[PDB]
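Undergrad: Residues per chain are reported as follows:
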Amino acid sequence: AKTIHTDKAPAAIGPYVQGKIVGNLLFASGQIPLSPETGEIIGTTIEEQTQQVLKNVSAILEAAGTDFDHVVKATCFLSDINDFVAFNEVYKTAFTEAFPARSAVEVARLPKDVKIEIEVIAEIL
Amino acid sequence: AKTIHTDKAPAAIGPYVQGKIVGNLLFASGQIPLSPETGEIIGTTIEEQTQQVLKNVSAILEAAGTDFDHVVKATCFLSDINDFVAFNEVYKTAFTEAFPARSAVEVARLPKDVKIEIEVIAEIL
Amino acid sequence: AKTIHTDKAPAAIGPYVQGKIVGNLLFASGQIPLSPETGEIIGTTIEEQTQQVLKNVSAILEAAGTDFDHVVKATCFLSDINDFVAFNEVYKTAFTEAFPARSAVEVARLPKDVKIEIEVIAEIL
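Chains as they are written, first to last, in UniProt numbering: chain A, 2 to 126; chain B, 2 to 126; chain C, 2 to 126.
Don't read these hints as lab results, they were simulated from the structure. Don't take each hint at face value.
[As the list claims (entries may be wrong)] Subject to a maximum C-alpha distance of 30 Å in a straight line, what follows is the list of computed DSS-like cross-link-like pairs (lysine-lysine): (1) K3(A) x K93(C); (2) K3(B) x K113(C); (3) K3(B) x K93(C); (4) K9(B) x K93(B); (5) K113(B) x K3(B); (6) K113(B) x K9(C); (7) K56(C) x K93(C).
[As the list claims (entries may be wrong)] Only part of the chain B face toward chain A is listed, based on derived beta-carbon distances under 10 Å: (8) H71; (9) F78; (10) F85; (11) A105.
Quick reminder that beta carbons are idealized off the backbone N, C-alpha and C, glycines included.
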């Protein structure tokens, strides 16, 4: 029942919270390449948008007392599956040792027409 | 371990159950705006369909001994991302004290051509 | 947390793993109809591809110490919702004593243009 909020992640504008903790698990909301500072989309390419998504996720992971290496499951929504290789190159840089389980599919459309949205489930250390 | 069975949500037709509990977590099946009384799609708008999905989810939550305020994470599958404004206004009415984490994406198509499908993970107190 | 490695399922060559265990929950990566041996697509029809997915999922379940009857939640990604009826006819044969919670949507595109992808969460007894 613990709710996660941090200003270095985009503010939850809508009927949701950035993340919620139950027991040893963190359930984070899907993060899109939004700037927590400005409030608009960061990047016109899949590489630039993926990097901002990772910053948003890392901010939420930090605020909950965990890190990328302790993420358990990641779902990666792509607006175009042909971006996978370019996305995967930036996605791997968030992790040092351990890698989580992953699912990557192409959806019809993402909020604000972004190219990438990642939702994570992480273990609380 | 324990399966959820209630006549106040649409009947689980086929190889799935309305919900399953492990530990203190409820994993509810994705709910579509089906009427548990008639089996027909309720509503032709995103507002009317979302209201039926909330009723269906609420029945599963109640059968599991929890409520909307103890949902940890929700995933909302929409057929049209442009329904976001109207969807969020109805979706928010399900809650009394707190909002869960959430992801919302546009899929290509939903079962029975509905506009919304919501799956929830909830904490059992 | 432990990591699943099995030759009986397609190898996780990249920044991801076949599955990750936290507590009594197994979070498996989304599985596609890939041959663990040849690495090619197995099956031309939804029935044939689904059977290869079930084999891949079963391998991860067996490596984790669980089975289909202890899968808690399944999310099914279809490239065409019209295949959902045929999909369920093969999907049901994987379970004997209990059915898991399920969500199913039609996405815009799946990895390698497959027809079905299934991500499961299972309980480690």
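Undergrad: Take the hints in turn and mark each one as holding or not.
TA: Status of the hints after comparison with the structure:
1. Proximity of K3(A) to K93(C) is assessed by CA-CA distance (about 37 Å); at most 30 Å being required, the pair is judged violated.
2. Taking the CA atoms of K3(B) and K113(C), the gap is about 36 Å. The hint is violated against a cut of 30 Å.
3. Between the alpha carbons of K3(B) and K93(C) the distance comes to roughly 19 Å, so the proposed pair stays at or under 30 Å and holds.
4. Restraint check for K9(B) and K93(B): the C-alpha separation of about 21 Å stays at or below 30 Å, so the hint holds.
5. Among the hinted pairs, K113(B) with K3(B) is consistent with the structure: their alpha-carbon atoms are about 28 Å apart, no more than 30 Å.
6. Restraint check for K113(B) and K9(C): not satisfied, since their Cα atoms lie roughly 36 Å apart, outside the 30 Å limit.
7. A hinted pair counts as satisfied when its Cα atoms are at most 30 Å apart, and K56(C) with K93(C) qualifies at roughly 13 Å.
8. The interface hint given for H71(B) holds, since its Cβ lies 7 Å from the closest Cβ of chain A, which is under the 10 Å cut-off.
9. Checking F78(B) against chain A by beta carbon gives a least distance of about 9 Å; that is within 10 Å, so the hint holds.
10. The interface hint given for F85(B) holds, since its Cβ lies 7 Å from the closest Cβ of chain A, which is under the 10 Å cut-off.
11. A least Cβ separation of about 7 Å between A105(B) and chain A falls short of the 10 Å threshold, and the interface hint therefore holds.
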